[PDB]
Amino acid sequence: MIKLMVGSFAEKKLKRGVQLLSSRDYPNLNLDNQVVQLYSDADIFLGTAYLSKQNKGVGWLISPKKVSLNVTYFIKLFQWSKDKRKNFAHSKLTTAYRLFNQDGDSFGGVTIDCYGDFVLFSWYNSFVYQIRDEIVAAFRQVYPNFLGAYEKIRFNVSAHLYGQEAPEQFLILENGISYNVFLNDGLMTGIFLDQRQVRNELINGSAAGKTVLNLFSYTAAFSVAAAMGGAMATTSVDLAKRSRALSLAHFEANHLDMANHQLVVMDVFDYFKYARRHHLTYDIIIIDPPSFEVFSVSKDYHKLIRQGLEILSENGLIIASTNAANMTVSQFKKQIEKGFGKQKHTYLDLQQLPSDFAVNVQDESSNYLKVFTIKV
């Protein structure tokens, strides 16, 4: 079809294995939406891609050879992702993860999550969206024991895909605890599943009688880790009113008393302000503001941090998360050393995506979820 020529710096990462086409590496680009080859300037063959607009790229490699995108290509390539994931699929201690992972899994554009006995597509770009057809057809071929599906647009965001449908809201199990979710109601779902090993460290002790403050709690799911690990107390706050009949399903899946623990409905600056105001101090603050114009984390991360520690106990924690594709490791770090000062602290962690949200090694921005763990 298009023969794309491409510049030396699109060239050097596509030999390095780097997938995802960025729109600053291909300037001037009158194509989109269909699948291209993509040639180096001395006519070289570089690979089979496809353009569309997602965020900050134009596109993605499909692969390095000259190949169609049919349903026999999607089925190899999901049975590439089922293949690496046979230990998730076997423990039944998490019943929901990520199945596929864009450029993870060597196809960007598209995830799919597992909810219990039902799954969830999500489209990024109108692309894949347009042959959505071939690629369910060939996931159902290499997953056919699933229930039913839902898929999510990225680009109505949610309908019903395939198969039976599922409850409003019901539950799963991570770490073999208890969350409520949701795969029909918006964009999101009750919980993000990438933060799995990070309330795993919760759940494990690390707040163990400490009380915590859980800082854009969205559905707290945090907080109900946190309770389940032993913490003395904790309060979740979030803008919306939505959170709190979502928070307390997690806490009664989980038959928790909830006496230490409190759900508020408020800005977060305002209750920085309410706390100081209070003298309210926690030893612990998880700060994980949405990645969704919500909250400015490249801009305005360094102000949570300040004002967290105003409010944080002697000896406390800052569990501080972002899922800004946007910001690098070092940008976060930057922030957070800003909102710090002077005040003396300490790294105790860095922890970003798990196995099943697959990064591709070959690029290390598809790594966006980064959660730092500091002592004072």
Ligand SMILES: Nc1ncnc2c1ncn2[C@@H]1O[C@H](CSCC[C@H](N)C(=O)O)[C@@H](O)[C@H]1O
Given for the second form:
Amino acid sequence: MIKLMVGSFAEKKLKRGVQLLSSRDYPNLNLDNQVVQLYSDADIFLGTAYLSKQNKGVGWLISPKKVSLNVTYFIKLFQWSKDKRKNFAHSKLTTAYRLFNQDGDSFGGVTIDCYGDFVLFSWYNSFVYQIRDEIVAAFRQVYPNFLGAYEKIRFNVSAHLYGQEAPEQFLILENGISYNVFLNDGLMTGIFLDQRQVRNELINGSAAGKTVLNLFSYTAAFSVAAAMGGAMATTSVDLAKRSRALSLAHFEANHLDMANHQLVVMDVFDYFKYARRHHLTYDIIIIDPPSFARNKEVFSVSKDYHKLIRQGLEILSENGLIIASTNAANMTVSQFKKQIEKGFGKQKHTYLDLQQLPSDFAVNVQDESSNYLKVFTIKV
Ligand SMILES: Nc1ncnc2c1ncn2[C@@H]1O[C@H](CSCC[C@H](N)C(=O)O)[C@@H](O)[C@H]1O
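Please show me the structure of the same protein in the form solved in complex with this ligand, now that we have looked at it in the form solved without this ligand.
Next comes the full complex, and the chain you just saw is listed first.
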């Protein structure tokens, strides 16, 4: 392999334990998609890494030690990550959760999720996609009892990977409650598992006897959790037509009567106007948009999140709760808070809680940017 000399800033990252190689720190770089050995300014060995374009990064540190990347290396990787997750395997209440999370498990560019009897792999750059044989071979040694597996490409977008086929749609269990999911359709699966603990809080009664508005609902997974926790009623608003059948499916799977659960297909900015005109108000408002969305407005979470808080407050009950969630990697905790304060203006409010990624979505403790989920619960 090539020995690569790194500048002082690149060095400073490595020695504090950051695995991510950012392009800013490697402006010199005319090499790609390969494993390298990194050296300092004065010819000292810094570690083995690989190079591949991934958003703002050029690669990842693999080990501070001199190592060979091959299948036996991945077997070790997956033995360690499996061993952190023993409790997931012993409790029967949750059958869908994350097995492997990039640098959270010491190998950036790969995630792996379990969904009942099937697994899902996601490739975040062209190098890991090039070596999938050895990644998949190692995983199937360490986890031989899955019936089949699927893949997402994150860098044709989705494909069956090995073993049996899954049904187009099927039920998994999370917190003792059923959700309808699907593995071979676009980039999403019917649920973001990383919100497992926010859903659990709702099932446990955090919205009992209360009315809930759920904005950018997707498949209404937050609404079904609230309903199972005794919520008096829920309203789930999403721009996309597909939200109807995909939401109905969780409610039928839990034998829930939908008399007081309404599904709405509508732009969230139109919903705010419609709700004000009809004097609708809700005890709890859950806000969880995508990080960037396209086309009667363009939505960017960095710039426009203040708008959602501002307009939600107009339709919140006295002593109401806002649950403000984002999965954007590019917005820090402090930037997210700043958007929220901008939305509140002068209005008194209290931050009751901050929730971030659960332990299966493991994080590199040295890199704060890895913890990309932020969920604030705010009391008005
Ligand atoms: N202006 C808008 N109004 C309503 N929904 C929108 C929108 N822009 C994007 N969306 C929707 O936002 C969703 C992003 S996925 C959001 C995940 C969801 N909070 C959950 O709990 O599972 C997509 O379903 C898309 O249809």
